[PDB]
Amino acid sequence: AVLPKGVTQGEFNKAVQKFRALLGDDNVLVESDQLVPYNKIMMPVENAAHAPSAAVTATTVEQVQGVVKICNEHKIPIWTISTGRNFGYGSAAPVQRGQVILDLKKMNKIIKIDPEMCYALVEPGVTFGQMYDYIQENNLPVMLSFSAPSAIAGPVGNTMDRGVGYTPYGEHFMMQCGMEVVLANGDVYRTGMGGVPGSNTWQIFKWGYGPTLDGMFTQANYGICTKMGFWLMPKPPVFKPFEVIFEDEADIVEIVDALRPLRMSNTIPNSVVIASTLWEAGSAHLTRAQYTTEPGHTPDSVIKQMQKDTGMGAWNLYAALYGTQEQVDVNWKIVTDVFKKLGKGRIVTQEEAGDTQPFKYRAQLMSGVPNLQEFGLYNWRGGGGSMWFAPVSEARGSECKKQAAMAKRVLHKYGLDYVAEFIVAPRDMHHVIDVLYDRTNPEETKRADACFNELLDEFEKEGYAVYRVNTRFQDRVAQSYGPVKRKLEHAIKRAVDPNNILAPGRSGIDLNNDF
């Protein structure tokens, strides 16, 4: 029987009794079969290491308040998820074995979509697909920022982990406005303008008055988000997605330095992607086995062959323009002039690309259309092993080259591939590297775990750290940011959750730690 850390069967039984009284039997899952989908992980460790003791599906804020009351009474640690599609970051399983999962997928109402003020207010279980269908069927003049690869993922869960999309509203937390959280003591706290009785500005002005705390709850375990608002981009008259293909790995310095001023001036306004050959290949549903079944990493010689056969470059840049046709036309001239002056980069238009992949799904991503194309990355090697290694980088060419070379060296050392893309903000990149391996192979699984550890170590040696990470490594990554930060995080933790019931271990915040 899986029980929470240091908690007795008797105390667990008492909590389950109370959870059933509060939520109804059908909302309290304690049977193995019922927990199966919750235990699925892609991390290089056996399922048992992240096995939940139970899952409870709350539907209302009052039920969430009831859940934390019970958790405090019997010291039950809960791992909160919204839509639970955190693949490559731990999926729906808890950070520590034995936690009860507080699954908020049933708390799924779209409270409001304002097409004039361009914002949405939603519950945790609201999915990207749900919002898209409502907006499209009702012809609302707004568009979404969508995070791959699941249409049943959603804005709340993604924003609580500070995920990203591919439109000009791609930095999801930047566009968040207003948040409601249930604190460990049961209090319902609304950030920003939400605490003002009769307010109509909760989704209008981010900060409110006094300390602005939305960020304190993201990537943290200081509260349970039950509602969140965010800004929506108004539907533009014209959308012009495009691609620029580069043939050589060494081109990354020039690509990034030519692109940066275009992003800094907002001439290209969306979160552009510069995808490596293998990310491009996997997103197009190509597999390593189609090219080689030899052990180890995929050789450069094979990759160049792949580039030859497919037209895919060493780097594949996907960007878009938005606005009136006249605005798009003027910005298109500026963009094409930059690449012409550079003397590198082949431009591919939406017309030329047609229904071919990856362009088709990239155009969908850049216009906020939910789609499942990127599940193809899971088939590059297959076997269910995938961890995102996502270091932050300056959007400076030399830095991107350095990080790409570092990651490639370490991955190859362990027989794995550099499958990556730079998601481009004006000043930063999320350098997203998909560490893919066959999790059904014990020898390879051990190499993947060792490889991920070495990637973290080698990047720290160069002053780099990741922006987000899977549950197996959340404590390790917390170390990257130093002891003073962890001490402050634990002081806040004690203040808002003295019984340590909210997801202890999240981002390395756990009162059992000596901080």
Second form
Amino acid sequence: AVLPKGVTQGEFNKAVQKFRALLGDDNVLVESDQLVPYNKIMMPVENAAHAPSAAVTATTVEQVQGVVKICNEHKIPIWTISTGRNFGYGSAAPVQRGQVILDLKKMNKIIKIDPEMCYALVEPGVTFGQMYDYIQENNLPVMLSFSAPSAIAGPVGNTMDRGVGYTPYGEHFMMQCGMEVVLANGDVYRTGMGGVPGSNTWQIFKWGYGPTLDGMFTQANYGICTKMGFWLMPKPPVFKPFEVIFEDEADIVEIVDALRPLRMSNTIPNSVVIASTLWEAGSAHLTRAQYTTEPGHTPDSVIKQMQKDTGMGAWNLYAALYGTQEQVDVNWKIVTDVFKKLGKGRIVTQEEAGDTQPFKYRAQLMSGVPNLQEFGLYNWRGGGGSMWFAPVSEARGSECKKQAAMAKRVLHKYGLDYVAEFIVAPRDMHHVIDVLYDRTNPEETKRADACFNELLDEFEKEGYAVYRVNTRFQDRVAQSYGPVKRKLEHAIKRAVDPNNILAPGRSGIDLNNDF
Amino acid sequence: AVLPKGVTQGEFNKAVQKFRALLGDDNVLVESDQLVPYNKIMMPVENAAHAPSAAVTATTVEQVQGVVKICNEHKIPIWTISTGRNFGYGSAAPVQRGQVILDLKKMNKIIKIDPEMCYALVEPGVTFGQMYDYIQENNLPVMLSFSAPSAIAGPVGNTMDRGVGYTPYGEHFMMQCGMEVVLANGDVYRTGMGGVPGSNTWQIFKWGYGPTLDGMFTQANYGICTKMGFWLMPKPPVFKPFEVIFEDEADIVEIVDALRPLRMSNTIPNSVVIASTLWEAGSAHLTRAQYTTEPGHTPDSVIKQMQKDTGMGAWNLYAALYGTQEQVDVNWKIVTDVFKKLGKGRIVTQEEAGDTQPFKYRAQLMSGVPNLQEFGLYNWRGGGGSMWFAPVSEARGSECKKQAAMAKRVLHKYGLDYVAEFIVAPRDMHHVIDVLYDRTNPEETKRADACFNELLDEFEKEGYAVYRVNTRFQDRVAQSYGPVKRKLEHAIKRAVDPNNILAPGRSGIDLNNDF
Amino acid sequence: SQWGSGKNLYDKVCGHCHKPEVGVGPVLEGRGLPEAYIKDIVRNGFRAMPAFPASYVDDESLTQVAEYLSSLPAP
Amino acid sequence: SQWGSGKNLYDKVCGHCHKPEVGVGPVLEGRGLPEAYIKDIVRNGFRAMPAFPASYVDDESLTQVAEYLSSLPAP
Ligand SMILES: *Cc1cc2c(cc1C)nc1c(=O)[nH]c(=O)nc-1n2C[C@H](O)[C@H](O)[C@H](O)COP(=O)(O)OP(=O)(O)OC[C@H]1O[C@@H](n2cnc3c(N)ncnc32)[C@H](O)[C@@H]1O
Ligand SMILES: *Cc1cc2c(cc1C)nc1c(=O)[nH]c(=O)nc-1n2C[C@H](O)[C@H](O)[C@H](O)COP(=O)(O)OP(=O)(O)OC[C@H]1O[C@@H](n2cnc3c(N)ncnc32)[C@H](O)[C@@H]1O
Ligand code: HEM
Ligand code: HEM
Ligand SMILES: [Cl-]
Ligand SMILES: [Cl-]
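Having seen the form solved without the partner chain, please provide the structure of the form deposited with the partner chain bound.
Following is the full complex, with the preceding chain placed first.
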């Protein structure tokens, strides 16, 4: 008995009949059992708060255009998902209870993969697993970049939320080129060179002419992406993954400051990772229950012990070199020299780490080989509770240390652990913190909800904001960036979606707001 | 006696009085002699077609806010310029006759240059010459990237038009991070992390949260940029510029196909250039009059002769390596191996080239050292006539050859020369063609205007469009990208500038249009 | 078929977490798990395990993977 | 002063085109060019040469560069 906000059963019924006429009964889901899989969430709130009123699956641009026409006629708000694996950010459920889910998972054609110009053009339902298989079967000399969910996640969905990967092409939005969206009025708009008839540069040159709008659509509700292109890294002759293990929490300062110049000069070209002890442990499949059942956060003494028994450090750095054997050798000398001069850090090579975890899954992610090893993080405490708190930071040692201490303090206040890693770009850090809790425990769930709120508050007080967040907090995070920004975002919303049918609430953009 | 379109002398007078009250008499220019310098254009049309009605100079954000308030009150259209050196694209003159020029040249503070995080935050009037001096005086270990006008041009203005440079940071918009704009309603909007109170990551992380809008403002008239941040390349230990000279026009195919992999793998990291014989000649300061006064285009026999007498080739490639001596050596071996295997191309090193031109100015541009050597292009035929015809192309040999032949055919039809170069990215080419003519010659000027029109038509027929264009053709080029795009652009325009006061006509965006 | 076979669905999706050598999820091979249970867990999701809509993994593929897994020897 | 001195304006702007070793524009050093002519050329621009608004190069700076150039020996 879930209906869209402000939509009567009568109007909803008319829209459903039209969706059926347009898409066919098998593509219109209104029964509770058909909707339950879309409702699965890891956020500290009951399923009902994000329950969809229905879901429709489209496979063509024309069907998507038909859907928005019906949505405008009956004021039906729709929440678009591609592969829908947005775990820790709301998964496949709508931002507001009652929205109809426009599920594009079946619109899964790989339109093109050019092995010479090195790019791909795909539909929303395409998964990285699907692309990996296609590239291997066809022996194409290119590689992918992807989030840990890799195999089951997809490039369109991940890029629309500006997700990240672990190869030199890890800044996904940065490597995206060309996008097609169906606007609320049904128009099909192509960014960049896509609007030029007969164009062959849609996946070649990003900007096009006049305002370049790809960014305006990411993390927004101004259109429905139906095609997206992106650049692919040519497969290099040599790939050399490596790890550097540090023993003290305080080393993060010197680690980051020594790493920055290496990233800045591109000597280490990929999005490096500096994983804390508990992230390392969770990724290696150790669970808290194996070391303690004491209430509250995991005692620093249990962590120091874990390090002692496993060899994991307070910080575990994973990076890689790419190129010809000669380029790799020259760069390896530079890297090893930096760490030797630092006087800290145990370097671990592939020959040494061998087939062990977590080195293996790290090396695979850094080379575009899919695996879901990191889902071990959800077994640290289990119960299905997980929210990503991901503040942005300068890639400066002191900043990273300050944020770690702040987060740790707030997490402990609520009986939770500091489970984190710094995803390193030349100048910035995606400081990723997995707020893990047992969602089957009501009391702990309330603590996780309050904890997330406090992390946002405390970080904002120090001038820090997150780059992406789950649906329960998208309005709260929008507040972090100021009223002028929100006002402009609502003016654009009014202009491209006067009826407020496209995922109202996405990033705090909703015409029902007083902006 | 120039007035803004649709603005009466009475309303213009009220606005001027308010501009005077706000900015001071010395900052409001209405006399013909004060305006003539802004009217200097290289487009094939009389000055009157782009004559401004006035110019106002602001030095603060508050003054810019005051200017838009007055503009909204009296419906005064304003054309914003920063350093105004947009030669070949309309220079400092407004896109439509009668607009008031908002000249931000005096708003020239270098707000910040961080030598560790390697970035700069500047105001519109800041020039690259100013920044170069600052960097050298303070011995900062960073380098700049800039268009050939370098010393007199500036990062804000160049980036607002998505211009390019010749170092690994040559894709200026790509390296831009954080932007501040005054919206038509007077609101001051900061992109990315700028809206977060107490934020220190405005020039650190590009996207921010929610829609990322920097692109929306570039090549657009949705706001007035008052501050812009961008990343700076750390000064490497070794810089190795080099050139490869090719003898035949047809070599462009093998040149581009051999080069692509090197750019794609980043072995050659900078925006390489492949200059045609006449571009090379003009940059080396040779003039057509030195070889012939025969009417029409410069005869292929005169060009083959020029090559014979100077050593210049049909194609002259300039590139560079950066890093430690070891990195440079490893990559130099790879590059020289590629060309030796190609069996074509004479490699010229800095030691051989010496202090000779054009090698010297190329080496300087590729290392962020300013010079205006390339303005020799305007002496090829002289007379002040020059328009950039810059189609985008796949960095594929066959495509580049096809475009060169198409351009040459149209240019020759009108008695003009193929003076061009390919600015090489890993996958795209900014195919830059300087349409040079004697603007003091009425007949030749008419031919140049017809020629540019035909170049756009002919390239459009093959699915090619330009990435940027002079003010006389901005509406024509907007047509190349289709009606859906233009409609979306006008909806956004209506939403952020209901009174149509911000540079109407920029990129074909004008509320007077039927879109 | 959406996945062609139960073995292919297992290799491309389920196995990335459930294969013995991975250990993210419990071993399902040769466990005699009923088809009804597999469909239930997949459609509803289960604590740390995500749910998959029919658009991602349809009923027929679930029938196939259930039979495939049951046919394997217990690791 | 906007440029401090005529020599600095010449070094930072005009010279990038006019210095003998560059050759983009004609030699101006020691040519006895009148200040009135220099201001006219700079304000109006001249064929291949761009124009410069007073916001970029003010009258005082033009007076200084005129005097500076006239004081130099002819190359
Ligand atoms: C559980 C987990 C998750 C995870 C991770 C590690 C673990 C153990 N590591 C991540 C990482 O390295 N990098 C990263 O970016 N994310 C990481 N995650 C979180 C997540 O699971 C992935 O990000 C996943 O790739 C996101 O899921 P998916 O790729 O399937 O994308 P989606 O759910 O379909 O879309 C995400 C959001 O984008 C907007 N959306 C999607 N489609 C559209 C279209 N077509 N048009 C407009 N907007 C669209 C929605 O807001 C959607 O929710
Ligand atoms: C003559 C010449 C020109 C040239 C070149 C070689 C020669 C011999 N080589 C170029 C190159 O290598 N790369 C490139 O990008 N351009 C090249 N050019 C053309 C040009 O001269 C330069 O691009 C120059 O850098 C552009 O001039 P400038 O940098 O001074 O920028 P501008 O005129 O101030 O602004 C350009 C346009 O942007 C918009 N505008 C400017 N400021 C604002 C603000 N503050 N807010 C909103 N929009 C703004 C206007 O449309 C403006 O006209
Ligand atoms: C692939 C579509 C798939 C199937 C099928 C599947 C089944 C499944 C079952 C039947 C269980 C319960 C097992 C039991 O009772 O012993 C179960 C449990 C978990 N799963 Fe699963 N699963 C499939 C896929 C995946 C994927 C892709 C992942 C990893 C992201 C995953 C993970 C898990 C986890 C963790 C559990 C344990 C949950 C708990 O006990 O808390 N599954 N799965
Ligand atoms: C710097 C503000 C500056 C001054 C001063 C200046 C002066 C100047 C004069 C007086 C002439 C005419 C000389 C004569 O008649 O013999 C002249 C001519 C040209 N200039 Fe100039 N100039 C200044 C700056 C610049 C700059 C920065 C450039 C290069 C972009 C430049 C170029 C030229 C050119 C070319 C000419 C000759 C034009 C023609 O005959 O077509 N000037 N300048
Ligand atoms: Cl979630
Ligand atoms: Cl011009």
